[PDB]
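Based on these hints, arrange chains B, C and D with the ligands on the given structure of chain A.
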Amino acid sequence: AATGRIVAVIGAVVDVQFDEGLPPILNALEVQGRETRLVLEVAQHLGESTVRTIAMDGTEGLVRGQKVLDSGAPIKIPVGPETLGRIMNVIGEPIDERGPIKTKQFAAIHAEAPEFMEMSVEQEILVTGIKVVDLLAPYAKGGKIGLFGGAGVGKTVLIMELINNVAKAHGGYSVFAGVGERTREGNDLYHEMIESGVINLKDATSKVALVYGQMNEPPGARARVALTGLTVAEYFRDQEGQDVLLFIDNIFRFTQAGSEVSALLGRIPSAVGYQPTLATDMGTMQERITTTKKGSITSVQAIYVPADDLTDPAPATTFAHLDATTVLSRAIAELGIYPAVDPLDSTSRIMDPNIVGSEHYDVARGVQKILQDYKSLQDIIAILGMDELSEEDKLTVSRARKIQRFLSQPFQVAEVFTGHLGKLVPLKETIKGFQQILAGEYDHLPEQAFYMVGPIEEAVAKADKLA
Amino acid sequence: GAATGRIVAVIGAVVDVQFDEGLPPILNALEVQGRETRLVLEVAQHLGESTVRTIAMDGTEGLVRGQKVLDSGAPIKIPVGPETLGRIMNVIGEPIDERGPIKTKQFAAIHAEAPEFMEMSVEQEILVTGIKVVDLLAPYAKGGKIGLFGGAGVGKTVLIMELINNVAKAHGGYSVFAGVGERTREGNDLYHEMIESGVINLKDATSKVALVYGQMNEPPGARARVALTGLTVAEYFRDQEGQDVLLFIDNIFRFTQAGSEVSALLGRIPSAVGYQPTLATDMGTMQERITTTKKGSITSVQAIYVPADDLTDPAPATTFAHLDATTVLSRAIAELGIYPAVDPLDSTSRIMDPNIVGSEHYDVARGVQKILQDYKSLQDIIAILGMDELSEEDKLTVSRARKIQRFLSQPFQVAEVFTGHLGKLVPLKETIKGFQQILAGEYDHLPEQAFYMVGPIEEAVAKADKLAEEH
Amino acid sequence: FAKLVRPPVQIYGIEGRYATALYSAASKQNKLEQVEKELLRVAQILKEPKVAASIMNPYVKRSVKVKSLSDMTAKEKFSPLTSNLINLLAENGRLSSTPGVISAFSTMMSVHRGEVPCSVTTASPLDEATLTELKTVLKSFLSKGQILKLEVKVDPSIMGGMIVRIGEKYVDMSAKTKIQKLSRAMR
Amino acid sequence: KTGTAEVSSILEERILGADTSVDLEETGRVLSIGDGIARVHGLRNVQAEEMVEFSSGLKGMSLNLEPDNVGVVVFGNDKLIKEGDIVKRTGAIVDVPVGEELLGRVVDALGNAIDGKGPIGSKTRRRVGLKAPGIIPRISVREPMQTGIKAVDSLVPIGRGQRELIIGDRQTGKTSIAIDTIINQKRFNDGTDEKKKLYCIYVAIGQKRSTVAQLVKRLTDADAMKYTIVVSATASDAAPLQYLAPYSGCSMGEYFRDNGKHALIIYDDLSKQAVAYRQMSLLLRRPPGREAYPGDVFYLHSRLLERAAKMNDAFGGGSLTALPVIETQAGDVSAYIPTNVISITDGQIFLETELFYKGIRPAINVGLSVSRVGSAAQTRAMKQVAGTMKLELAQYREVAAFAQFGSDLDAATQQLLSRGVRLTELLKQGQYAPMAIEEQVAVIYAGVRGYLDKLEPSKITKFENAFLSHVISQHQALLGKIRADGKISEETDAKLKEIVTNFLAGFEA
Ligand SMILES: Nc1ncnc2c1ncn2[C@@H]1O[C@H](COP(=O)(O)OP(=O)(O)OP(=O)(O)O)[C@@H](O)[C@H]1O
Ligand SMILES: Nc1ncnc2c1ncn2[C@@H]1O[C@H](COP(=O)(O)OP(=O)(O)O)[C@@H](O)[C@H]1O
Ligand SMILES: [Mg+2]
Ligand SMILES: [Mg+2]
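Chains as they are written, first to last, in our numbering: chain A, 1 to 467; chain B, 1 to 471; chain C, 1 to 187; chain D, 1 to 509.
Misleading hints may appear alongside valid ones.
[To be verified] In silico BS3-like links for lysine-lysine, alpha-carbon gap of 25 Å or less: (1) C:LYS65 to D:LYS428; (2) D:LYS79 to B:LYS68; (3) D:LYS459 to C:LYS3; (4) D:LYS117 to B:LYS376; (5) D:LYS462 to B:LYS370; (6) D:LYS459 to B:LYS295; (7) D:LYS358 to B:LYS376; (8) C:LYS65 to A:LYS67; (9) B:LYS370 to D:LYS226; (10) D:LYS82 to B:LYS68; (11) D:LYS1 to C:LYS61; (12) A:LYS67 to C:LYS61; (13) C:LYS67 to A:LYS67; (14) B:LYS370 to D:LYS82; (15) D:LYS428 to B:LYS370; (16) B:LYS433 to D:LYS383; (17) C:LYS3 to D:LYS82.
[As the list claims (entries may be wrong)] Quick list of the computed label-pair ranges, beta carbon to beta carbon: (18) B:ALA317 to D:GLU490: 30 to 40 Å; (19) B:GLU442 to D:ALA466: 23 to 33 Å; (20) D:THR90 to A:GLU93: 25 to 35 Å; (21) D:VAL333 to B:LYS142: 30 to 40 Å; (22) D:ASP19 to B:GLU119: 42 to 52 Å; (23) B:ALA317 to A:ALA307: 13 to 23 Å; (24) A:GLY266 to B:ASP309: 36 to 46 Å; (25) B:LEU336 to A:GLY385: 46 to 56 Å; (26) A:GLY266 to D:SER21: 32 to 42 Å; (27) A:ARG98 to D:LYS497: 20 to 30 Å; (28) D:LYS497 to A:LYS369: 52 to 62 Å.
[What the hints assert, rightly or not] Where chain D lies over chain A, by a calculated footprint (3+ residues, C-beta under 8 Å): (29) 7-16; (30) 53-65; (31) 88-101; (32) 215-224.
These are calculated hints, taken from the structure and not from any lab test. In this text, a Cβ means the ideal position worked out from N, Cα and C, and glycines have one as well.
Bound-form chain A, shown alone:
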């Protein structure tokens, strides 16, 4: 759509003067006369047939006068069923060098939100299969999750176990979207995913579609990575009707990169230093993840809290959209419990009897109670002694020890390491097992036999075999 000469290059900001075919805002340009593709996405209009745009690769070797075309659309990306098991950057090019992605139709990355009369009005609960997550902090469908806990906690093994559970009972594929990630750790993620079974370099038996925008790529191309990993995630909602997942790592580097684009243009900053459009920019990304009538998109996002400040402007704005939290802490790994989930500091907004029912509420409020007093009398038994607690306190020692080991589970994606078969438990098998420990029907079981089993019938089975 016409030819426009360049007229200014300042940093990661290019300035393109068209003649007739003036493109709309959010239109992707393509510079001609270069080695690999340099795209430019139009962000303003300035008058005098001049636009201004944010570059998405290095801005070196650009001469004042180069001819740049117009695609007549936004950034269009390969969207298909043959994009799983592959890796691409923000503008669709493959970077695992396994061959070009041979696809039929393309899709632009900028759309609008679902309509007011396309929503769903009855809240439902997306079971994953994990024991702690299903019960004490359940996921919604269409909901948004927060994942707290850095490296050294048992984190990436949780991500791959989610993807090997969503495709064994639900049938919806996923997307990974690393936003500004490390290039050194994008390869240990790729090479662990190969040997675990989710990406397969031989056939049509993949589950994840990696979209890596990495840390040495300019700030204009770091904000747009969660949209390109959202655009892929809608073909398995719109055009196929499945229950998509979507991982963003992490939700702070999406926010931090928006403040760099907004300060290269010239906009005056907000409170503590962020951009003025901080809640709308998070709005137009987070509103495209809903449960429409065809299918849904779920999301799982890791959050970094700067300077231990839970009222900082970036995690304040992100908490306004969340429907859950998950906290991975260093201490629960020391006990030997996997995954390292803190069941007292992990929440869920739909924890309410009108949404989850009556049976599920009066168990996840009972097993939430028995682990609160044990943290209190983890001091009285630590100073005064052992036999000096009451005989009704020799049962809050048992039933707060038998339970916090049954929050452990042998995963399936780490199959060769543990040597044990990966077990799955449905949502009525989580509830049937936790009720019988507060009822004390299995009060005659040692606290080690409640370790790395599946249903309630296995812990009992495991105990019989011992000794």
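Just chains B, C and D with the ligands now, with coordinates in the frame of chain A:
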């Protein structure tokens, strides 16, 4: 004369001139005509259509637009040589003491470049001044660089005028005192404290100091260039003559801080907390000309004001790298009467090294600092448990540590008008021996008031006998 | 770059940039007294409901306002260095300020022989015997080989005098001198 | 709005005629110079990030391409540039000499020579602004890189192809963790093996010159300036020379990465590049942000610190390890630049000035330090003893409050106060004394196994020095059976039991 420009815009202390014929380069000098005093403007920017942006060195009253401006062809040219000794001089090199003119045969333009990598003397030495905190804990070096930190009212004009007494009279080489923006009262004492003490002689030619004085009643473009008139007289004595020099500057924070007073009037966007965006560049342009090359040596002592006792301020915290030796005076110590106020756990030198000062000097000063950091972990217990709850080993720590803290204090000779005591000057061999014995236990039987304000350890037992006789 | 002839006004703003680049360019080759006759003929064709309909229109084209005036500026009378100047303003985007430059070039060219007139401000007008003196005793001040000009404006709030302004001089003799009798009430 | 190149001399020629006298496609005159930033009228064909070359002999670098002029930063003094000076082109992005003719030489940030030996003899070049490898040409790090410090090699280990941040306050021992990292490599760099060598680079950004001069003499006398390049943009320079100086040194250490060799680079320090960029942005009037840093300052330290990679067998098998140095201000690791560079790199080593005066030198905090790779980047013997050591020096930190006023405690709590203060005394280490790896596996084997509890804590730092000199001379055949085999077998685990106990008897005299 060349390029007789014309004035167009006097906004503050930043005059802009417009040249018809010949544009002068950056860093020159310009001479405003028709004034009974000498006003010198230095070029700093080139704007387009033959207008430059200068900075005045005096008052900008009476500047009518359309006024002629001459040009000299070089930066500011001061006098220099041997005949500049026992004199006080202006920023543009003029007399301010009413003794007549400076008759020298050599001028030095104040803008030179830092000597290269292949002109760097590498050797370290030691230097003994006489003070039991300098010589024990942060020792100097012959040719090193020495900075005196600390807030306002903690003892920096006293500690720098005591080292002028100690070192700069028993020295064969010369000295220069450059006053970069301080009280004009304090610039009248040191002119008269050294006429009676023989360092300045007003009739013959055997003086051993030179003075450069531009004080804090001066416009903030002239309080940025007396730091450079200093080390241009203090470089002719190192390079041209092959001598040894001492460099005394008080205060060097007024060089940085008077660059923030004309930053935005020049046309720059201001950086963090209000400083100019060229902080660590105009500073390091100057603090690399104060070095010892292989033609001579310079031992530089500079007082460094820390604003509002905030050491993490960007004007002091970018000066901690241009220096070999730091003596940091605190205020919570000088409130206890301890004088010199020098912090024991914050001063630091490079030559504190078991291969230059010896492995007996080193084992002492790493046990003084280790028993003073052992004190502070007990002071948080005393505030709750009280003194008579501690064990008998920890009581022995507090008593020696308070004996050491009082023994680090020493009566200077310039406190003979403030306190009425008499002055000490302790040699190094006694300093090591005295502190070695308090750590051992050979003075565990004395009161603490013996150790306050003495010299050698043999004077701290001649006081514990007078206290017991007058009991 | 090169040095240029100093205009004797030296105005500033977006006018005096272009109105000195024209004075310096035309003072070369001694094209000075000629070019004012040509700038007063573009000073009439600018005010036209087809020419001014697109000399200040944003939405025509960036390019077609350059060929339409270059064909216009050459054919009818003149091809001096002004034909480049109209092509220079139009190439930059300063066509809106085109009447400003010629009003700026006129005040710059007037002082080459002019006076920057005075302003007698007294009352209802006067006879010939008291005015031809003030059109001659106001010539006795300047004395530099010049032919004076003048303005008149009537104001009655000045009760009993005349004010005059030879340049920036302002010799005031009027009924301000009632306010100067504050010193009687000022102790 | 007026526009920069709308001055009264630019318009004045266009009224005269066409501009045939100057061509402007290749040379452009200067409009306005000030504080190291120039404005040039012309130069229509200049690429972005291209060196120009002024009339007085200096150089430049093009950063702002604007619709009427170009703004170019100046290398060197500004009293040589003026208004009306012709600028020309070279035709390329800036390039630096690269080879093995740099080893033992001292170069500045443009590849020139400063040590006065002679001109560099290399026959190769390289552009400073190239890219990292991708996801594919790398592999996970597996190679030990040894420092010789008992704390750094046993508690926070480094591998080859890893970033590790040396962070800490002033006057703490930062420049000295990274100067016996260099001196330790002489063990391997004179022998015969080729996949254990290393070639070090030291970058000095903004330091004063006579601290570099005290470093070429520290390293010559310890005989480690036959494999060390020194790149030195010091403080008296111009601001862009200190901006290029870690890119200029990361291209010198990529030739050793593309050719199956190994290297190690030390940026000292990266908190003075980021201030040298900030001076250049805010005079080019780029819009500020928090603490007046520009928006693209995470983009400075992300494209630089991702060129350190561990390549694979189909590309050569090279490596590059980077240790960047960052100085905080009073323990504030939550300022702007110290929070970019903690997010980029793979761990930090945190040095405090409280521990420096309590008698623990090197003044490493173990609690506030981490390496993200860790136990894979260690030898199989240092992995064996530090897994019992890192745990037991962690149990001492929880009971470290009780030790001040305590004798009425439990015998278990009085044990953790005992064992934890012997292991702290082992980790002390004198300046400029790197150790061999299998010697550190001797010393640490004595403390963590139980052969130091019956001694006095001022006799620990004597016993270690007397245990080492006995085992170097009279047992040299067993400090090469760990340096070859790697893993402590049981046939060596039973032989060191008969050395330490048969030395602990005849010691206390
Ligand atoms: N392990 C050690 N044992 C004894 N002394 C040490 C040790 N490490 C460092 N020092 C001492 O620390 C002093 C300063 O250390 P150094 O300058 O290397 O640290 P730094 O934090 O880099 O300081 P700066 O940041 O100012 O350069 C030196 O004089 C040296 O003697
Ligand atoms: N021997 C001494 N030690 C510490 N302080 C002293 C001593 N003698 C006098 N003082 C007082 O301490 C103050 C220190 O101020 P001074 O050093 O003159 O200026 P600055 O504010 O630059 O530190 C002086 O006003 C003086 O009254
Ligand atoms: Mg003072
Ligand atoms: Mg250092």
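Taking the hints in turn, this is what the structure says about them:
Distance check on the hinted pair: C:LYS65 and D:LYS428 sit about 81 Å apart at the alpha-carbon level, beyond 25 Å; violated. Distance check on the hinted pair: D:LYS79 and B:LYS68 sit about 23 Å apart at the alpha-carbon level, within 25 Å; holds. At most 25 Å may separate the alpha-carbon atoms for a hinted pair to count; D:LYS459 and C:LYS3 exceed this at roughly 85 Å. Between D:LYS117 and B:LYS376, the direct Cα distance comes to roughly 53 Å. Violation of the 25 Å bound is thereby established for this hinted pair.
With a CA separation close to 19 Å, the supplied pair D:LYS462 and B:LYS370 stays within the 25 Å bound. Annotation: proposed proximity of D:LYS459 to B:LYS295 is violated, straight-line Cα distance about 49 Å (limit 25 Å). Distance hint between D:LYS358 and B:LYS376 is fulfilled; the C-alpha atoms sit about 11 Å from each other, no more than 25 Å. Our distance criterion of 25 Å between C-alpha atoms is met by C:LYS65 and A:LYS67, whose separation comes to about 24 Å.
Restraint check for B:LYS370 and D:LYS226: the C-alpha separation of about 40 Å exceeds 25 Å, so the hint is violated. A C-alpha spacing of about 22 Å is found between D:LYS82 and B:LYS68, which places the hinted pair at or below 25 Å, so the restraint holds. Annotation: proposed proximity of D:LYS1 to C:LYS61 holds, straight-line Cα distance about 22 Å (limit 25 Å). As the CA atoms of A:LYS67 and C:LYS61 are separated by approximately 20 Å, the hinted pair is consistent with the 25 Å bound.
For the suggested pair C:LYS67 and A:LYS67, the alpha carbons sit about 24 Å apart, so the restraint of at most 25 Å is met. Restraint check for B:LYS370 and D:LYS82: not satisfied, since their Cα atoms lie roughly 59 Å apart, outside the 25 Å limit. Of the pairs offered as hints, the one joining D:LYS428 and B:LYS370 holds, with about 15 Å between alpha carbons and a cut-off of 25 Å not exceeded. This hinted pair does not check out: B:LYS433 and D:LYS383 have alpha carbons roughly 47 Å apart, beyond 25 Å.
About 15 Å separates the Cα atoms of C:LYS3 and D:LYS82, which keeps this hinted pair within 25 Å; it holds. Against the hinted window of 30 to 40 Å, the Cβ-Cβ separation of B:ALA317 and D:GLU490 comes to about 55 Å, which falls outside the hint. Taking 23 to 33 Å as the suggested C-beta distance range, the pair B:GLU442 and D:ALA466 conforms, at roughly 30 Å. Taking the beta carbon of each, D:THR90 and A:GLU93 are about 32 Å apart, inside 25 to 35 Å as hinted.
In this structure the hint that D:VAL333 and B:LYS142 lie 30 to 40 Å apart at CB holds, the actual value being about 39 Å. Taking 42 to 52 Å as the suggested C-beta distance range, the pair D:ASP19 and B:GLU119 conforms, at roughly 48 Å. In this structure the supplied range 13 to 23 Å holds for B:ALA317 paired with A:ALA307, their Cβ-Cβ distance being about 21 Å. Distance hint check: the CB atoms of A:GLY266 and B:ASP309 are about 38 Å apart, consistent with the given range 36 to 46 Å.
For B:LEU336 and A:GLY385, the hinted distance range of 46 to 56 Å is satisfied, since their beta carbons lie about 48 Å from each other. For the pair A:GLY266 and D:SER21, the supplied restraint of 32 to 42 Å holds, since their beta-carbon distance comes to about 38 Å. Between A:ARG98 and D:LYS497 the beta carbon distance is about 55 Å. The supplied range of 20 to 30 Å is therefore violated. Between D:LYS497 and A:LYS369 the C-beta distance comes to about 53 Å, which sits within the given range of 52 to 62 Å.
For the stretch 7-16 of chain A, the stated coverage by chain D holds: 7 residues have a C-beta nearer than 8 Å to a C-beta of that chain, and at least 3 were required. For the stretch 53-65 of chain A, the assignment as covered by chain D holds, since 8 residues bring a beta-carbon within under 8 Å of that chain's beta-carbons and 3 suffice. For a cut-off of 8 Å, the count of residues in the stretch 88-101 of chain A with a CB near a CB of chain D stands at 3, and the three-residue condition holds. Given a C-beta distance limit of less than 8 Å, the hint that chain D covers the stretch 215-224 of chain A holds, as 4 residues qualify and 3 suffice.
When held up to the earlier numbered hints, the structure conflicts with 1, 3, 4, 6, 9, 14, 16, 18, 27 and fits the remainder.
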